[PDB]
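These notes are about the structure you will find just below.
The complex appears here minus one protein chain, its other protein chains still in place.
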């Protein structure tokens, strides 16, 4: 029940983080394609957005470990 | 049961927070790409929106920990 | 059974509230992008909409805690 | 089972209400952006629509409480 | 089992009713935006449409109570 | 199991009926917005379409009651 | 397990029938809006399409009762 | 397990058959609206497509009864 | 378990076949509407695609009976 | 469990093959409608794709039989 | 449990392979329709893509057999 | 449970890798269709992307085998 739990926490975190990052990176690539002169600003939004999106998934990863250990 | 419970809360909190942030950040990137002069304006809305969206997932994270410990 | 319930109430509340906020913020960002002179109007709509959207998820959080304590 | 029941009721009510409100609020923001002169009319519709949308989720929340207590 | 039942009926009725109303309300907001002259006409369709969509969810709420009592 | 059954039948019926009505009413609202002179014509189709869509849901409600009683 | 059976069959039939009719009616309404002259012609297609769509859901209801009785 | 089985096969047959027919009828309605002179040709395609779509669902309905009886 | 199994195979085969036929038929209708001159060509493609699409669902039906008997 | 396994394998293969074929045939119908001159080359593409798409589902059907027998 | 396992692996591999192939082939058909000069180039990409997409599903089929034997 | 596990890991890996490749391949086909001059530039992106997308699915295949052995 600890294994099963740790899996669910980690698995959902993976899905959460990957997809969120993908959405953000994709938006960045599309934006940069549309407006190459906005390279920097768009790259900044990506660099701010990604960690924000990963925050809660990262915490869920820690919780997965706490369950396992 | 506490392991499984803690995993469900944290896992759904991860999905919730990550995706919500991605939607907000993507909207900010797209708006910025369309009207670069609004970059500060949209950034401000992102900075307000993200914590608002992360609030409940964060509380579910705390509940996840209360279930575990 | 209590751990499982608390998690389900909290996890669904997280998904509900985060995504609802994201939808509202996204709309505010898109509206402001189209009509920047209306940002104050749109912000007021966002600041009314968000708590209204968070209302039931918050009660579900409370219900989650009542299950645990 | 009272715990699981209370959770399911509260969790679904939360998804139900939050998303319903968000959809209505989004429409209002989109409409107001598109026709700023209609801002009062659309705000009235939002103020009528939100309670209507929340009516059944609220009743579900009460039922959630009746099951828990 | 009665608790679980009452929760499912109430939770689904909530989702059913909330989303149906939001769909209807969103439509009259968009229509009113496109044709402000049809404000009263569209609003009437909203006031006819909502009870109809809420009819079965309400009956499910009653059924939810008959299971609890 | 009768409680579960009555809940599933009533719950699904609610989702079925509410959404179906919403789809029909939205189409009526959208049609009326495009063709204000066809208001009566479209309202008639709505008044014909709603009971047909509700027919099986209300039958599932009866069955929900039969299971409960 | 017969209560569960009668419920699953009735609930699905409800979703099946209600949604199918909604799709057909909405199509009739949209078509009439697009080519009003064809109102009667489309209504006949609606009156033919619905019973055909409701046929198997109706059989499923009969089966639901055969299980319950 | 026969009640449950019969219900699964019948419920899934209902959804399969109803939605398939609705899709074909919607297409016929949409096409008639665009090419009124093709009315008969399109109506014929509907009268061929429906039984073919309904073929397996009907068989599944039979199989449902073989389980129930 | 033979009842459940047979139900799952038959039920999924019904969804598979019915929906696939609906998709193919819809496409034949839309094409015919688009180019009435190709009415027989598209009709041939429909008469070829449907049996191919129904192939595995039919086999699944046979397997369903082999489980039942 | 052999009945459950054979069902799941056959049912899923049914969905897999029927839908894949439908998607390929639909595309063939739309291409032909759009460019009737390419009818031959598109029909060839359909005759290559369909067996390729049905391959693994057919293998899964064999496995379904092995499980049964 | 070996039967159930083999079914899951083979069933999901079927869905994976069929749908992936359908996606790739559909793209090939659409591009060839728009630019018939490239039918050779496009068919080559289709013939490189399909085995790649089928690789892991094929492995899952092998694993399905190892479970069975 | 080792049969179950190995199947889940292989099945999900199959869906992951196949769909991922299909998406990437489709993108390559669409780009090549629009800008044939970029045929080899796009093909390189496909050859970088595919193994990157297959990475984690490959590891999940190994894990599937380790579970069985």
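Order of writing sets the labels: A, B, C, D, E, F, G, H, I, J, K and L. Residues in every chain begin at 1.
We take it that contacts are C-beta pairs under 8 Å (C-beta built on N, C-alpha and C of every residue); 3 or more make two chains touch, one makes a residue touch a chain.
Listed here are the chain A residues that touch the chain not shown: 1, 3-8, 10-19, 21-23, 25-26, 28-30, 32-33, 36, 39, 43, 46, 50, 54, 57-58, 61, 64-65, 68. Within the complete assembly, residues 1-2, 4-9, 11-13, 15-17, 19-21, 23-24, 26-28, 30-31, 34-35, 38, 41-42, 45-46, 48-49, 52-57, 59-60, 63-64, 66-67 of chain L touch the chain that is not shown.
In this section, only the chains that are shown with their structure count from here on.
Touch-path distance (fewest steps) from chain E to chain L is 7. Mean C-alpha position of chain H lies 36 Å from that of chain L. The centroid of the Cα atoms in chain H and the matching centroid in chain K are 29 Å apart. Averaged C-alpha coordinates put the centre of chain F at 40 Å from the centre of chain K. Looking at chain J, residues 1, 4-8, 11-13, 15-17, 19, 21, 23, 26, 28, 30, 46, 54, 57, 64 sit in touch with two or more other chains. Chain contacts in this assembly form an open path, with each chain touching only its neighbours along a single line.
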